[PDB]
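Whole structure, please, built from the sequences with the hints as guidance.
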Amino acid sequence: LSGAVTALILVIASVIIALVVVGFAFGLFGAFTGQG
Amino acid sequence: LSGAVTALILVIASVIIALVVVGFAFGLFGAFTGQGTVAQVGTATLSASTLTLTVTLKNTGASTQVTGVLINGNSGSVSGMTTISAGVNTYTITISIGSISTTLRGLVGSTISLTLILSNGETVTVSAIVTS
Amino acid sequence: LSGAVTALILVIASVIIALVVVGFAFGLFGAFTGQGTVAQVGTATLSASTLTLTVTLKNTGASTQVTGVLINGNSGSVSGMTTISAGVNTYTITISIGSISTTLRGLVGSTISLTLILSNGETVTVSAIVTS
Amino acid sequence: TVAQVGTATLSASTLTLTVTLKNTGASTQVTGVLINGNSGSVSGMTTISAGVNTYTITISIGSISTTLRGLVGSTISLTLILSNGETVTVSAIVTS
Amino acid sequence: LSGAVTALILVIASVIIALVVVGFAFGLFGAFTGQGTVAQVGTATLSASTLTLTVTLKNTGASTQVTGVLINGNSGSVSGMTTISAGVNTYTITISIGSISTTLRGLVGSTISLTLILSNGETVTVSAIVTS
Amino acid sequence: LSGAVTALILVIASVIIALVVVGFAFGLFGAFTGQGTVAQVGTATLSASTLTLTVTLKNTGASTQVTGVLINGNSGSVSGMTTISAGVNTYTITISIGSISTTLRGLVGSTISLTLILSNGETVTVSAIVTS
Amino acid sequence: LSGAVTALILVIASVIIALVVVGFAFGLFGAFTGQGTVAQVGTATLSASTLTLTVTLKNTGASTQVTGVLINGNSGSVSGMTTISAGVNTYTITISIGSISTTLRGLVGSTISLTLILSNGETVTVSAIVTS
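Going down the list, the sequences are from chains V, R, A, H, O, Q and P. For the first sequence, position 28 matches number 28 in PDB author numbering, and the numbering has no gaps at all. For the second sequence, position 72 matches number 72 in PDB author numbering, and the numbering has no gaps at all. For the third sequence, position 50 matches number 50 in PDB author numbering, and the numbering has no gaps at all. Whatever position you read off the fourth sequence (first residue = 1), add 36 for PDB author numbering. For the fifth sequence, position 104 matches number 104 in PDB author numbering, and the numbering has no gaps at all. For the sixth sequence, position 77 matches number 77 in PDB author numbering, and the numbering has no gaps at all. For the seventh sequence, position 72 matches number 72 in PDB author numbering, and the numbering has no gaps at all.
For the record, the hints were derived by calculation from the structure and aren't laboratory data. Note that beta-carbon positions come from the ideal geometry of N, C-alpha and C, so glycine has one too. It is possible that some hints are incorrect.
[Unchecked claim] If the Cβ cut is set under 7 angstroms, some of the chain O residues that face chain P in the computed set are:
hint, residue
1, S2
2, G3
3, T6
4, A7
5, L10
See the structure below:
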């Protein structure tokens, strides 16, 4: 019963982290395109 | 007698939860596969007098919007054809910035790089030719 | 005298219930092992004029169906060779969407990503080349 | 004592359940079945002899029919009601 | 006679406890699904003179706060628009650090990376352009 | 008295099931380690007149097959030396496509890229020189 | 009367076992966090005449050893300063290989890559400059 709870918690955390990393990469792209 | 009852209840609950988690993961896969992919498929044109950007964009995913643009000095708003449909289409987008206006008049014939901010959190790098 | 009678009745009932639970768990294991695993084993072809998807799919489990497809803009129905047999086979599936039609004519020669919704609750991500 | 000794098969088109059951006691009957939505009757091989045997049981429910056509390839859980007051939990694979 | 009484009492208690545990697990699932997901959806701007950060953040979960920020040298406090509502919004956050002030005047036009500490225990990595 | 009987039965069943799962996981590891790894270890030769591909392939896993090939325009079948043994060997494979024939006569001396579809679901990218 | 006695005994035993398992898991976490992390923090120097490796290594965990080294042709032993303390330190390690000796005399001024085998089962990749 605890295994699936841990699986869902880890899946949610992994999704959050992946979204954060992708957003940071795209922000890096925008910052580097118009740096001057 | 109660131990086996508890065992069966826990087994059923664990099966239900595992099925829910697996379904959610597959739904995540489907949602992320077709979230929307926007890229450039040709040289854009940035008018200096009218500050109008004509860019051909390719969308191989869900339909997104154009929340804003980032030009050399400042980031301004967009006021035309902000909906990006699926496929390859030419979009005529008007850019409104108080300061960047009239700065491109000395750049006619030069190349320029832009950034398009979309509603799906993705930034598209656009290369254009400054015209008049 | 009644206490030992109750003890034996409860012991027999507990044994029966435990055997039932164990058998159900092993049946669950057997059912989940061979539920059906569908993946892609080659590049697919997505015609733009006829909107026909030719994809090679591998099924290492039970035979499932194709309930629907998810392309860039909208999710449409499927009208051909929707049964996925075990092994590796080439399936010619026709996709019918009112809006996505004629949008792929400007994407000929490009790559595309699809999602296939199956009857076993599993989504398969498919990469294809847009042709004419 | 009736238990399951293997994965069962639940056809969607014919609504036929093929289940291997083990009986280590007296011979009982199958009074009914309990599927997801409704509980229906059984119309084949309802006598469960001693030992391990494969029983082909036909299930007749007015409403559950054609609902399993969208579940082909998925797993399912059933309950078998016996004449000795014991319920057997059965895990099966939905086929066509 | 007492054995079966004890058996029924234990069965009822086990059922109650199993239901409580299952309900708690499902409540945990619901709480963790919508705890709050904050990411960046565009390039931020970090003023050097006023030390003001203008960042567009996307929150697809519960509303959180901004407890602090982490810039190159030191971690400072935040004194504006610290509440992050659901959706995509632009937040103007003022950063107050004793030492990092005036250090960004030599970095005008360069790129910078920040970290935002939220009240839900999640750190958001932000890429910005240093302006004046 | 029945509670401890149920406890021991459940403990034994749980141990059996855990051992089965662990053994299955280790078998999965062994199967995935040696499933078959095919790569290119030299420049291939693609004849234009005979449409014959001579490619040196390295297989550091189980022996697979060549289900098909993907050349510029169309994907065709293969009719020679389709079995890929372990190690490094030179395979002479004949390609049969109705349309791609005679198209390579104008590409003699140029470089070309191919894709080989294997029976283990893996695609191998091959670079070749078009000859006559 | 015996059923509740068995229930309490089983509850106490289950609590004891669960506490033991939780404590073991947390001890595993503590042991794995500080097992020893060794990396390179600068260019190393590999003498050709004396076959002496001078490498700066950083250890942010427990103190490990150097069981052996792997150079281009053969893997040899190490005979100096094999203990890697915590922090950043410069280690002068003498390498003894029968065959690799005098092979580096023709590589003076070139770059080289090494591998260091540690007592904690971790291999460290080292880039060095061949000197005399």
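Next item on the list: Would you list, in rising numerical order, the hints stated earlier that this structure does not obey?
Entry: none
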